[PDB]
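2 protein chains.
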Amino acid sequence: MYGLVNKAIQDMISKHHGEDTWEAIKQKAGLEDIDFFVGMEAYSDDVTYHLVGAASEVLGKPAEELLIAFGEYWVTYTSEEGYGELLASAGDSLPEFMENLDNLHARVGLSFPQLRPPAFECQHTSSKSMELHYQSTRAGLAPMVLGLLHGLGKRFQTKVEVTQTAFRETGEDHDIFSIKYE
Amino acid sequence: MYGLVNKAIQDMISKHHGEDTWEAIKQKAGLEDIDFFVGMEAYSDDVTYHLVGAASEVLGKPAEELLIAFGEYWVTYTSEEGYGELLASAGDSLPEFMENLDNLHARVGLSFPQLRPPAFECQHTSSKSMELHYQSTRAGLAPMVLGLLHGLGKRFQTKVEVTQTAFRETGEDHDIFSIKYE
Ligand code: HEM
Ligand code: HEM
Ligand SMILES: CC(=O)n1ccnc1
Ligand SMILES: CC(=O)n1ccnc1
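Here the protein sequences come in this chain order: P and S.
Residue 153 in the UniProt record's numbering sits at position 153 of the first sequence, and the numbers go up by one each step.
Residue 71 in the UniProt record's numbering sits at position 71 of the second sequence, and the numbers go up by one each step.
Looking at chain P on its own, in the form it has when it is part of the complex:
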């Protein structure tokens, strides 16, 4: 993924547990080479999965727990490290924001030309709920989606309950989530 994603993971861990723990985690991941991540440069996905795996071992937490945290962090981190206006342009409510999400990533992708963004389709089951279809070229990041949805809830002061109802992981064509809000 682009290095911004890894820089975020680093930031989150550095801020929550310290530079020593980040160093250990980098080292365990077999990335001591890399002095720093370049935000606008493409890295092999490997780098991200390894960091997450290594972060799991060192912190003694499951990978999935970290991806949930990281999902929520990213909402804050993007608003502060140069994507605040772009974020705000995507709307001022959760369902609006999610409807716009492919369009946000399209805009991101003019600037990051090699982006393989996820794809998100909403079916609104009412004014307070929806089905969210998450399609990705990558495996394993549904728990990140969950955290991202909870970060979006914080951003719009909406309470969101999210439950995953289909799993790419088992062989289903793609992750699907039921979501209830305010």
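A couple of the hints might just be wrong.
Identical chains share a label here; the pair holds if one copy fits it or two copies do between them.
Unchecked claim - The list that follows gives simulated cross-link-like pairs (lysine-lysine, PhoX-like), each with its CA atoms no further than 20 Å apart:
no., residue 1, residue 2
1, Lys28, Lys15
2, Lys154, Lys61
3, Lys15, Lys180
4, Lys159, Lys15
5, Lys128, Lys28
6, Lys128, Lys7
7, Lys128, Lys159
Everything labelled a hint here was simulated from the structure, so no lab data went into it.
Once you've looked at the hints, dock chain S with the ligands against the given chain P.
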């Protein structure tokens, strides 16, 4: 399962979509025979699975969506139809409550002598998270667990993020969930 469970399903559907729908649903499940469920009597599990499938066809919603709703409802329905004090005895926080859950179901089963309750084990990964191990003699109810957990979040005013990381369905030994709270 005991009829209480089926009575709760009936109630949730009558209250949400009307008696006419309930009838259809009951009709579709091939249970027109049964005039009312007896709360303290044992039914074949068959009855609950048919009602759920039938509810899915009549309503145009996936089974899994209904089980999530039903899980959340049950938390409210038990507190109002005779299990309020027992619920409250199980604690005033989500992680406490989950640690007490086998004990709760044990008390329930002195009163319901043929109870096949689930089993839940918590490994706390921090003061705000845990791995929850759901063991059951039955298949299919993981989405019900998700709703129940959201229902418990409501009861304790805690925001809970839940993601399932192992699936009995696929032949893994049992369902496992990563959970983050408030
Ligand atoms: C300003 C806001 C955002 C920016 C700059 C951003 C940028 C990115 C970038 C650069 C990637 C890497 C894709 C790649 O390298 O191939 C990505 C992936 C991702 N984005 Fe965003 N994004 C933003 C907001 C969001 C939000 C709010 C969500 C919420 C659901 C979201 C969900 C994801 C997901 C799930 C991926 C995972 C990759 C995959 O599934 O294939 N993004 N995004
Ligand atoms: C407070 C009152 C509660 C009562 C009275 C109650 C009673 C029951 C009863 C009677 C069953 C049917 C089992 C059978 O017929 O053999 C059952 C199943 C179940 N209970 Fe509860 N329970 C309560 C709360 C909860 C809560 C909060 C949860 C949250 C996790 C929970 C999780 C379940 C699950 C998952 C089942 C499904 C059966 C299975 O996995 O085998 N229960 N409970
Ligand atoms: C990979 C990452 O932190 N994200 C999450 C959403 N968009 C990019
Ligand atoms: C069958 C069912 O939803 N439950 C859940 C908790 N206790 C009973």
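Verification of the supplied hints:
1. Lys28 <-> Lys15: So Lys28 and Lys15 pass the 20 Å test inside one copy only (19 Å; across, 55 Å).
2. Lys154 <-> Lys61: Answer is neither; intra-copy 24 Å and inter-copy 25 Å both fail.
3. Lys15 <-> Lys180: between (31 Å within a copy, 19 Å between copies)
4. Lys159 <-> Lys15: neither (26 Å within a copy, 23 Å between copies)
5. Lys128 <-> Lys28: neither (44 Å within a copy, 25 Å between copies)
6. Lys128 <-> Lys7: Neither way: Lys128 and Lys7 sit 35 Å apart in one copy and 25 Å across, limit 20 Å.
7. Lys128 <-> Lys159: both (10 Å within a copy, 17 Å between copies)
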